[PDB]
Structures are given as C-alpha cells and as structure tokens.
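Here the complex is missing one protein chain, while the rest keep their positions.
Which chain is which? They are A, B and C, in the order written, and residues in each are numbered from 1.
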Amino acid sequence: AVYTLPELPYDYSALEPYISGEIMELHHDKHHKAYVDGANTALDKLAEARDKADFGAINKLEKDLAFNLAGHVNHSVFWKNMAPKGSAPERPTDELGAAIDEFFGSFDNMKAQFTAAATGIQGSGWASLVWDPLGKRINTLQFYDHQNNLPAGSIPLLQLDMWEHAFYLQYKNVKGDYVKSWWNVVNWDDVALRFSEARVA
Amino acid sequence: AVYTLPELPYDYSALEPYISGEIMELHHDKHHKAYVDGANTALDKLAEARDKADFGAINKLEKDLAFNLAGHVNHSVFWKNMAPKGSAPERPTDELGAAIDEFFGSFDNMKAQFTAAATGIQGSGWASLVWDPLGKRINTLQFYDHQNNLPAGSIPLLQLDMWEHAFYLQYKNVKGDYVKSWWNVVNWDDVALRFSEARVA
Amino acid sequence: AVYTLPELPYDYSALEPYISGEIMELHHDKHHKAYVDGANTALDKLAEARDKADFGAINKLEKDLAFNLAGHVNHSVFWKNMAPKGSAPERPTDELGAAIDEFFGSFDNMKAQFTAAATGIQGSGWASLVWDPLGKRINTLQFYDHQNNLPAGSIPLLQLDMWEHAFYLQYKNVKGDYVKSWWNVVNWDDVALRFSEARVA
Partner (left out) sequence: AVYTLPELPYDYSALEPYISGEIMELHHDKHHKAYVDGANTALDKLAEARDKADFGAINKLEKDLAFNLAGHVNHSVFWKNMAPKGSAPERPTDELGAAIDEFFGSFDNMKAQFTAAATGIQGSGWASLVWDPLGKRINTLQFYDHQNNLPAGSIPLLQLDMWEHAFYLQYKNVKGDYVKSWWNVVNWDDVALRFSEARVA
C-alpha cells in the first residue's frame, strides 16, 4: 500500500520500567496499525471518488485522511524519539543543545514548557517540539487529537503522545508521572538528526 | 521582528475582475496583519511564561500560536500562489503536471477534488494541495479555520482561502463562483517551485 | 419536512441602520435555509442507514446533523432576539434584570463579558447567553462554528452571530462596530420570555 507500519527500532520491553511492554505492543500493533490502514483506505476512497466524479463524501474523506495520516506520522516519529535509557544521551548536545538554549533560554525551560503543554491538554493530544520553517525557530505546539492545532509546514522533532491509551494501563490518571518517566527514554540523537534535516526547509 | 507581514508581489487590483482590489486590500492590510501581530504576541507571552515559570495559560498560548502562525503561513502562501491573468501558464506543465496526473489521474480530476473540498467546508477553512513527505505524494487537504485537520509535516503547494472574508464582498454566498473565478489567477510557476523544493526534503 | 425555515418577525429592513436589509435577506433566505435543508437531509440519510443496516458514513452524518441543526437553532433564536429599536425596551427588566445582576454583578458587567466573548473568537462562532440547568445560573458561552464549545442541556437566551457573513457587507473587518450597533436592536422581551421558560428545566 501507500503507507506501511514501521517496525519498532527496539524490543517491545526495551523502554521498561518507564514504559511497559504491554503498552508498547498494543500501542504499536493495534493503534498504529489502525491509522496506517485508515490512511490507505481514505486514499482508495478518494481515488474512487475521482473515477466516478462523486465527491459527496469529500468532507468525511478529508477528515479520515487527516486524522489517520496524522496518527501515522505522529506515532512513526514517537517510536524513533525513544530509546532504552543508557543507549542515548540525556540532554540535547551540540547544535540542538544550542538551538534549544536560543529559543527557550535553557534545557530546563524547554522541558518545563513542553511538560506544561503535555499535561494541560483538554482531550486527546500531543506535546510537540517542532521546527518552524517560516520563523526559523523551534517552538512547542499542543496538538488536539492527531491533526488539530498546528500550522502547515511544521516539522516534528520530538513528540509525546498524550492520548490515554499511551499511559493508562501503567500510570492510570496520573499523566504527570508518565511525562516524568518519559523524559528518561528520549533519544536525543534522533531529535538531533531530525533537527539537522529539518532546518534545511 | 520574528514574524513580518510580507508585501503583495502585485498591486491590490492586479487580480481583477476575479478578485476585487477592495478585498485584496482588506484581506492583506487588515486580516493578514492581525495574524502576524497575534503570532508575535503569542511568542512574547510564551517567553514571559518561561521567565516567570508560570505556564498557567499554556493552553491559551499554544492555540494563540497555532491559530495566528497558521493564519500567517496560509496567507503568505496564498498571495504567492496567485498572479495577474496572463503572467503564468493556465495549466501545470513538466514535473508538476506529470505529478498531478500521477496522483490524481488528470488535471481536471485534481481540480474537481480540490473544488469539492473548497466548497464543502462546514465553517471557515482552506482547500489545500500539499506534498506528503511520508507517502511521497501530492494530496488535497481541507483545513478548518487555519490550524485544524492536517498532518504535521504537510508542505503547502497551493492553497485557497475559504473564509467568508476572502469572498463575501464580491461573491456574497455563492462560493462556487469564487472558486471558479480563482482558478484563473493561479500562479503555477510558484506552485511548481514549491513542489521542486518540497521533493528535496 | 421535520425542520422548517421560520419567517422573520419583522421586515428585512426593520433593523436598519444598525443591520442592513441586504444582510438580513442573504442571512435568512440563503444561509438559514441552507441549514434547514442540511438538517433534513442528515435525518433522511440516517433513516436510510438504519433501513439498509449501513452505518459506514455515521461520522459524517452525525457531524452534518450537529452542524446544520445547530445552525438552524442558533439562527432561529437570533431572529427573535432582535427587534427594531424603540419597539423593545433597552436593558433587561424585572426577573431577567435581577438574574443578570445576580450572575454578572450588573448589566454593564454582563455586556462587557458578552462583548469580549463575541470579538475574541478565533474563527466562526457565536457569543451566547445561556441558562445552565445544572448550576441554575446564566452563563456566557463562546460557540465555535455552530455546534462546538458548549455543554449539553444549555438553553440559549440571547445569541449574537459572529460569523463573517453576519456583518462583513456592512462593517467589513470591524467586528467591534458590529457588536456595538447590535446592542441597539436586542429585544429584551424575547430574552425575558426565554428565561421564564428556560429556568423550569
């Protein structure tokens, strides 16, 4: 198909004890697969709509496409943004580190803003550190669901899934503990690479 | 001076009779100007929040940022996507044209899908032709307001403002006439340029 | 059909000079009629879905129903909430007046909160004075489009349409002047009646 489910770059239990393998399996094998399948279906439906010149369901198809594709993009980024603690360094280094100090003042400032954005979401959503092509800067955005509350052209660098399915089985309603534990498995090397390729657009 | 109001690449009345000069003036000078100020203000507010370590209004600020920055991005592309009748080819050619035929079957099919997405919006929004970096293809998206119903990483190639302020003074409630008339001023050279640079991401 | 387009309780030009007859005609005859037709169509589609046991388009149909029915409800209330200046009294009287002083402090306080809610909307929307059945109080709500940002059970008492089609032809981008002029045509007798029948639920 057009979209395919990427494999995890590590074992399902590699992120423990911070993130359980039980969540990783359901999150990847079930939820992410669903978005991939939904994005492919939306495209097939759009294709049939053009062939028959019937765009009656255009509003539905465009939302299906945006919702599912955004879900695929967000999760694909999410998997690579993590790595077992000890494998990747903590705290941004070199160019990324400097850029963070430039646009946020310091790493602690960025972390606090990102955390506030993650825990304050009213509904399902994401906390996202993106590259703004227009302002040539790094900003934090609070996505609603998967596809709402973000400017076009935004390039994701670091994302934290705040949908309840991402943490409920282990942290229950305490989203704060989930965010705190998550900081331990952030793969700053992946975010650094994304930043390198992002700022050239 | 992080965000600035770009000047129109043509005179306010250069798009007539398709889009009146009265609309171009109010649209650029008043509306677009507002989103630039709002985007700048949101960043200043976020910087103040970090300085005082008070992220109590993070939800408001993240939406102020997304809404205004997206408005700024969308209108910035919109102005360049247009040019006086006779300035550029009335139909895509070369790689852009071949890509359109590849992802939509034909130029007419693309126009039909884009038009349906533009006229069907339930509320304020945009019809948008974007480059999908993940699927490596061109898709049409239907934005709600300025910042909703789109995947992160979407590169805008061609956009049509469907907010009522974009056409009400001239076309009133007849959205169909506005869209049909708009096709006459589309600058395919701009779109082709955006496509060339998008594919290299 | 199930839903019908209500006739205006006054001539199209009765609200002048505050609201032009040109806007009243388009707003009522075109925009409102569209919501009535759309709500009826949504119900017919839902009926067919049940007959054939095909709920594939349920997400589309539920949004179509909510969007259009909310549009019908909001506009129906909107027409009755207005009357030619001099016909209806200015400032709430008796029970309504007391309730407003109780839940807002004073009439000026309510008017200021309502005005701020009306002019600050980021996209299409409504400023609404509703009766809260659960808290047994009058609150101001800011609707997005027609059907978003409101609790179920909310009973509208006074509504102000902030969609651009409601004021653009006369006030252009200056929504502030539109709200200020609108206060002159509010039919406080209609709001009083709605309040009388609302607080018994």
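By definition in this document, contacts are C-beta pairs under 8 Å (C-beta built on N, C-alpha and C of every residue); 3 or more make two chains touch, one makes a residue touch a chain.
The chain we do not see here touches A, B, C in the full complex.
When the whole complex is considered, the residue among C:113, C:170 or C:184 that touches the unshown chain is C:113.
The chain omitted from view is touched by exactly one of C:72, C:80, C:85 or C:165, namely C:72.
Across C:81, C:124 or C:128, the residue that sits in touch with the chain not pictured is C:128. Within the set A:2, A:5 or A:26, the residue that contacts the chain not displayed is A:26. Where chain A meets the omitted chain, the residues involved are 26, 30-31, 63-64, 67, 122-124, 144-146, 163-165, 168-169, 172-173. The chain not displayed touches chain B at residues 57, 59-60, 63. Listed by residue number, the positions of chain C touching the unshown chain are 2-3, 39, 43, 46, 49-51, 53, 55, 58-59, 62-63, 65-66, 69-70, 72-74, 76-77, 104-105, 109, 112-113, 116-117, 120-122, 128, 130, 132, 134-135, 137, 139-144, 146-156, 197, 201.
Note that in this section only the chains that are shown with their structure count from here on.
The distance from the centre of chain A to the centre of chain B, with each centre set as the mean of the Cα atoms, comes to 24 Å.
Our note on geometry: chain A versus chain C, Cα centroid distance of 38 Å, whole angstroms.
Residue positions of chain B touching 2 or more other chains, listed in rising order: 63, 122, 144, 146.
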